[PDB]
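**Student:** Given next are the chains, with one letter for each unit.
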Amino acid sequence: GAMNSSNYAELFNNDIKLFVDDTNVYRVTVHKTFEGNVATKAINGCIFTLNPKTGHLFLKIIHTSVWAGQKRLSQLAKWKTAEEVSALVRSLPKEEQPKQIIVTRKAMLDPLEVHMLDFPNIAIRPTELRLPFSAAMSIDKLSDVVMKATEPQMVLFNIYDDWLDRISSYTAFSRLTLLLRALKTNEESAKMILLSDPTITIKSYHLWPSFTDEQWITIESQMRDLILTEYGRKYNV
Amino acid sequence: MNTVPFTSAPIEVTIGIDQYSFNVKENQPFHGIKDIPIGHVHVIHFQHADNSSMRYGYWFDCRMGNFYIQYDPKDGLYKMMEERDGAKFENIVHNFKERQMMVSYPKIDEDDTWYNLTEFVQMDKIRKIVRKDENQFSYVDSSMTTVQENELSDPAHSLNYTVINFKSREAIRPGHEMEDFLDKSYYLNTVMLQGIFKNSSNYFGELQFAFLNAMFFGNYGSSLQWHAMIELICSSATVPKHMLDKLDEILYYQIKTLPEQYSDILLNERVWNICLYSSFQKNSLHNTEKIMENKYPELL
Ligand SMILES: COC(=O)CNc1ccc(OC(F)F)c(Cl)c1
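As they're listed, the protein sequences go chains A and B.
The first sequence maps to residues 1833 to 2069 in PDB author numbering.
The second sequence maps to residues 1 to 152, 170 to 317 in PDB author numbering.
Think of the hints as simulated: they come from the structure by calculation, not from any bench.
There could be a bad hint or two in this list.
Examples of chain B residues lying across from chain A (beta carbon under 8 Å, computed) [stated by the list, open to error]:
#1 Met101
#2 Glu194
#3 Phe198
Using N, Cα and C, we set each Cβ at its ideal position, and we do this for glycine too.
Using the sequences and the hints given, assemble the complete structure.
**Tutor:** Below, the structure written as structure tokens:
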């Protein structure tokens, strides 16, 4: 059934599972036409498929050509997501295939179930968690590879960098969701926090800066403050 | 006009014949039902006064044999049987008819309701859904589960309706996942009609039989099957014009006949709203939509 606060530790057990987020698959800019009507222009998108235990991110880049000549793109985008996740699963060795796939939006359940009929033993699950994976395109290196793509492409990342050398998966996921929640609530402030000290850099093979353990505590405290603040600025409290 | 004679009525019971019903008291001198129209299947059904649990009954066609009803005090129900001795049967019925101990099938001459509800229903197809080959008639009750319900437990007592499942490999061609799920025409026309049912008459016959079992016995799996067969047509963009017109007539008479007070349990809000207002065929069921809106506007 649905994943929630009650069965949260299930994410970090030894059953392979993947989160799938489709928020950033179909992306548009809305603009005025010369006649003063409105129109959309698609830009490149991505499926965000993540193993929460290991950090392995399967970033399938959705090039704008996939929408050419198609109708009802927001509906199509869910089915295209499901097509690509099913293709990913089939591409993995049997012992790497997930036992569960958790979709972050319930509208993905039927598309994914239908595409995975060949895999009756893989459970497709919703979640009651409000996960901030839409903010993935606020990670500069992820945004850059998506925007630069000229064709469909799959790019592999570890979204935890080397954190698992020092912390548990549970703690690594907690840090990731905190960073992403901050980036979603106030992207500019969030990114300022992450880079304000230019002596801390992002390794070429990493996504986030090379913080010490103590520096991550300071960082994480600044992100919470940001989130609570914004929560005030928003509701006035 | 054929006759189903009754040995006796030892227990108080409400007896149904098709859409008609009458109350029989304990040990009342009731000896059967005469003037049953030839040319149709029929159903004779029972609800005991002391246990309104288990509605049950028998689907039969008088052209296939001489059938009679007798109460079994061991199994505690009215049973249908076949009498092979045609002389014994004429003698039992003529005696009963002379003493006026039979109710008459009370068909109004103008009234095409039963024909309209059983237009495509055939005894030979009932006997394949309800498997008991040594008898020519078919027993159904409130509690019997369907093959599909069993998959999700006695197979001998099951309703072998055709399994319909919208999220199944049977329904979804590899490579056409979104297309086939959103437009079920290939599942309807190639898999079910051409492949399994062979023609639309057999499909409609199973649909009509499922409705009648839902209505007369409150059989839940039959109601599921009726709604699934409706939904598969309405969810197909490409349906022969003659099937849509016939479906509209079929459903109209089903909705017309349904007891006003059972709509809450026998009609699935999601399916009907989808079929009448969202589906490809939302504009193809004018008679059904009109009677639904005037009779059950709450459900919608
Ligand atoms: C087993 O002994 C039998 O005598 C079975 N024969 C039988 C019994 C009753 C019948 O009519 C009943 F409806 F009134 C008929 Cl038509 C046949």
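**Student:** Now look at each hint and say whether the structure bears it out.
**Tutor:** A quick look at each hint next to the structure:
The beta carbon of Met101(B) comes no nearer than 59 Å to any beta carbon in chain A, farther than 8 Å, and the hint placing it at the interface is violated. Here the hint on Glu194(B) is kept, as its CB sits about 5 Å from the closest CB of chain A, short of 8 Å. Given hint, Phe198(B) at the interface with chain A, holds; its Cβ is 5 Å from that chain's nearest Cβ, closer than 8 Å.
Figure legend: structure checked against the earlier numbered hints; the only hint not met is number 1.
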